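> Here is what each chain is made of, one letter per residue.
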Amino acid sequence: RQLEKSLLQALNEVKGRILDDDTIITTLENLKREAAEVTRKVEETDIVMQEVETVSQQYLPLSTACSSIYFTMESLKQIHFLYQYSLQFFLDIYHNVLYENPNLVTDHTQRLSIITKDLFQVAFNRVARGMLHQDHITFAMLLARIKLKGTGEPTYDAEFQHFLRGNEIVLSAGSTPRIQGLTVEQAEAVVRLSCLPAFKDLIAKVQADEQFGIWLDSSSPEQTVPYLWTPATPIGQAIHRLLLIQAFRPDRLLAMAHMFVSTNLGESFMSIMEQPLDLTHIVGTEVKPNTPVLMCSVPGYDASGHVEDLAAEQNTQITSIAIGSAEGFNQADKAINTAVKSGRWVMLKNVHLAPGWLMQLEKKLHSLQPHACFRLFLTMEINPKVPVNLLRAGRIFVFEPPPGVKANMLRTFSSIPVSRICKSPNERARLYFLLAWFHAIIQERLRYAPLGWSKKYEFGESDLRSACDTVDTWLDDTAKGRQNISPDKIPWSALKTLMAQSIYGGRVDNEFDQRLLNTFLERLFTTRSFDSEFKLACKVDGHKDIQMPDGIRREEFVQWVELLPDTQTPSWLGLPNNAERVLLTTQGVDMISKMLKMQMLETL
Amino acid sequence: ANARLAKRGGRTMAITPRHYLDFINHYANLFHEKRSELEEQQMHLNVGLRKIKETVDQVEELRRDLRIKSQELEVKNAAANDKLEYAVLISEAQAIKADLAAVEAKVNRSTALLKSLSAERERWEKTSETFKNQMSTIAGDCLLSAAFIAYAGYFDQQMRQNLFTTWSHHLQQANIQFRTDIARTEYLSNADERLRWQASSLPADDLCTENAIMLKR
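Chains as they are written, first to last, in full-length UniProt numbering: chain E, 3743 to 3846, 3849 to 3895, 3897 to 3974, 3978 to 4350, 4379 to 4380; chain G, 3157 to 3240, 3450 to 3582.
These aren't lab readings, by the way, just hints derived from the structure by calculation.
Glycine included, each C-beta is placed from N, C-alpha and C at the ideal position.
Careful, some of the hints might be misleading.
In silico contact screen, one side only, chain E against chain G (beta carbon under 8 Å); selected entries [to be verified]:
1) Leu3750
2) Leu3753
3) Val3756
4) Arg3759
5) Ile3760
6) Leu3761
7) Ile3766
8) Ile3767
9) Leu3773
10) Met4296
When the alpha-carbon atoms are kept at most 25 Å apart in a straight line, the in silico SDA-like pairs for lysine to any residue are as follows [unchecked claim]:
11) G:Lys3462 to E:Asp3764
12) G:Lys3209 to E:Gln3744
13) G:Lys3209 to E:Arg3759
14) E:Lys4154 to E:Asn4174
15) G:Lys3207 to E:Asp3764
Isolated chain E (complex conformation):
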């Protein structure tokens, strides 16, 4: 540009004959030198071209996955309005991925795949750590979709569109197939599915596979799916089976979605969320000191105890201040200033009542740089009064009742300290396991209201802690330092009556519910006095049951907990297996509606 400008302004101000001036010769020499530098431009441009084509052919699918992941995270907020992730959060994910490589390879071809897999896994972990369990399958499906799109692999766009828009599209009117083994709604689903060229002769195939009247309809169709989608890739087979089970048995759609995600990303892709939340490592490493730690919680399940136990374990100091009055705001500001100066942690309890003060808190937090080892914990309920600024600023952790009996036992055994459970005598561990089993059953029954319980009681961690305390103190009363107790001497009647009238029966209103709790306590707290082969429940009416582990130690009981199958039916709880069908179907329809919200954004 200097070339062109100088040449034009030199030619325009000659004020005479160009051929008669030596300054024109100087401009000629200038043009020659600048033509020489334009000549050597070409090799720099060629090296730029080879560099950019190398980096493109190396890491273009990675960047496409980057964009898709961040835009899915951005469009995620349309579901539950609670989580608002930010580009700073995504860049923290990248600083965690590209700089913390497990078993750190030196071969770039394997390192790129390692980075991609670790990215998908850590993205799901760090996002689903602050989401309800109803949406984890939706996020896993979105991650699987991004992996499939970024994969050489035939894109299943038409059949995914049909799967997402099956019930919405109008089906045939007046066409009714055979009612030999399927209902009218199943017939309508088959009619809608018949539009696909692959699923063309389904009307012929349902009567061709007459002997497969159990794998297609009824029974448990998760493992077995008849027919198929020419050779087909396993992912396409999974898609075809998912469409078939949506057409036939919409209840197990969640199970088919889970196994499709497992086949598309790994059988342990989303299995880390069933583990109890490891708050210590995430707080000490994954949280910047500026960023507050939001601990959202569903009603009836608080989260103060987790961080209080964390502070006690890590010997740190927390100035826990309850939010809700002006002097409360005053000591909150004083403790925040003192913490920034020193470094001790500060807790504000129930911040979901003063959004106007939360605005000033967020602006003050962004206006300062804190000490290195200082974390601010905020606890709140899930209500729309929480400011989106604060949600964007802070890392979001949700606290929900754990999904599954196995998960509940794992959380309970993580909560109960080893020194407490392993005290003398040797029956304390078995009694604590029985207590944890009882708590897991009575808390899992709350999901299937109004069958498991007539009302949504607050059977939380307070009841569990009180039951542990009363078991400990009655065992200390009945054991004068003995290393073992015969099962007859255990105060079974005392424990049953106390937990039925003071601890767990305190919240019980209906006499029928009180009778039901007495039924569980009587069935569970006898064990024929610690006899072997004690039947805990009956998982399937046909040749299946859950039995007492023979172990007599905490390690044995924990090991028995992790050996339980990942499958769970309400027959574990004692409910009929038909209790969860309508709820699971409704959750599947909610998943479909959520992905419909996702895809659309990509007179009276």
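Chain G: place on chain E using the hints.
For chain G alone, coordinates are given in the frame of chain E:
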């Protein structure tokens, strides 16, 4: 467009006649600025072309003088050979030969100048011919630039592109010509100020480029 976005689900934001007044002010300013820039560029081009035409004429005059006095030197050499007073004729022929050497050197430098400047002329003529067409599209192109620079500052990239495409379809349907083969960022931002922005911690994306253009204008 605002109503469509509101029904789609994003937050709508109010449109006021202050926007229209600002847009028409931007249209006037951009039309005046682009016309003035084109006029001064054409003036510079005309001065350069006139000077290079004068240089070509001087080249032709130098060639004619060189060949005429080369023939004169040949005639004088023949006369000196016939006369073979000889020393004076030899000195005169030597002076004429020195003059021929100097004029031939100047012709060589002028030829080098013409060869260097022919590539410049071969594009200056094209720009001069293209100026007549590009003068007519100024109205429509400045209209689009002003509408973009005064309206679409709140929407995202897709909605901005929708607005620009709608305005372009309207101007195509209204038989008004607009410069299609140019970027809306390139037409509004100069290269040096783009470099200064890139030095001043601005990201290298088109969105932030027109954001900086809005902040400047």
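> Now tell me if each hint is right for this structure.
Hints, verified against the model:
1. At its closest, the beta carbon of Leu3750 (chain E) sits 6 Å from a beta carbon of chain G; the interface hint therefore holds under the 8 Å criterion.
2. Using the Cβ-Cβ criterion of 8 Å, the hint placing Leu3753 (chain E) at the interface with chain G is satisfied: the shortest such distance is roughly 5 Å.
3. At about 6 Å, the closest approach between the beta carbon of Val3756 (chain E) and any beta carbon in chain G falls short of 8 Å, and the interface hint on this residue holds.
4. Against a cut-off of 8 Å between C-beta atoms, the interface hint on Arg3759 (chain E) holds, since the closest Cβ of chain G lies about 5 Å away.
5. For the restraint placing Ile3760 (chain E) at the interface with chain G, the shortest Cβ-Cβ distance is roughly 4 Å, inside the 8 Å limit, so the hint holds.
6. Restraint check, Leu3761 (chain E) versus chain G: the minimum CB separation of about 4 Å is within 8 Å; hint holds.
7. For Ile3766 (chain E), the shortest C-beta to C-beta distance to chain G is roughly 7 Å, which falls under 8 Å, so the interface hint holds.
8. Given hint, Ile3767 (chain E) at the interface with chain G, holds; its Cβ is 6 Å from that chain's nearest Cβ, closer than 8 Å.
9. Nearest Cβ of chain G to the Cβ of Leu3773 (chain E): about 5 Å, under the 8 Å cut. The hint holds.
10. For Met4296 (chain E), the interface hint is violated, since its Cβ never comes within 8 Å of a Cβ in chain G; the closest pair sits about 55 Å apart.
11. For the hint linking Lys3462 (chain G) to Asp3764 (chain E), the alpha-carbon distance of about 23 Å falls within 25 Å, and the restraint holds.
12. At roughly 24 Å between alpha-carbon atoms, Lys3209 (chain G) and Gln3744 (chain E) fall within 25 Å of each other, so this suggested pair holds.
13. For the proposed pair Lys3209 (chain G) and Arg3759 (chain E), the alpha carbon gap of about 10 Å is at most 25 Å, so the pair holds.
14. Of the supplied pair hints, the one linking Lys4154 (chain E) and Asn4174 (chain E) holds, its CA atoms being roughly 23 Å apart against a limit of 25 Å.
15. Between the alpha carbons of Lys3207 (chain G) and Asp3764 (chain E) the distance comes to roughly 16 Å, so the proposed pair stays at or under 25 Å and holds.
Going down the numbered hints, you'll see the structure goes against just number 10.
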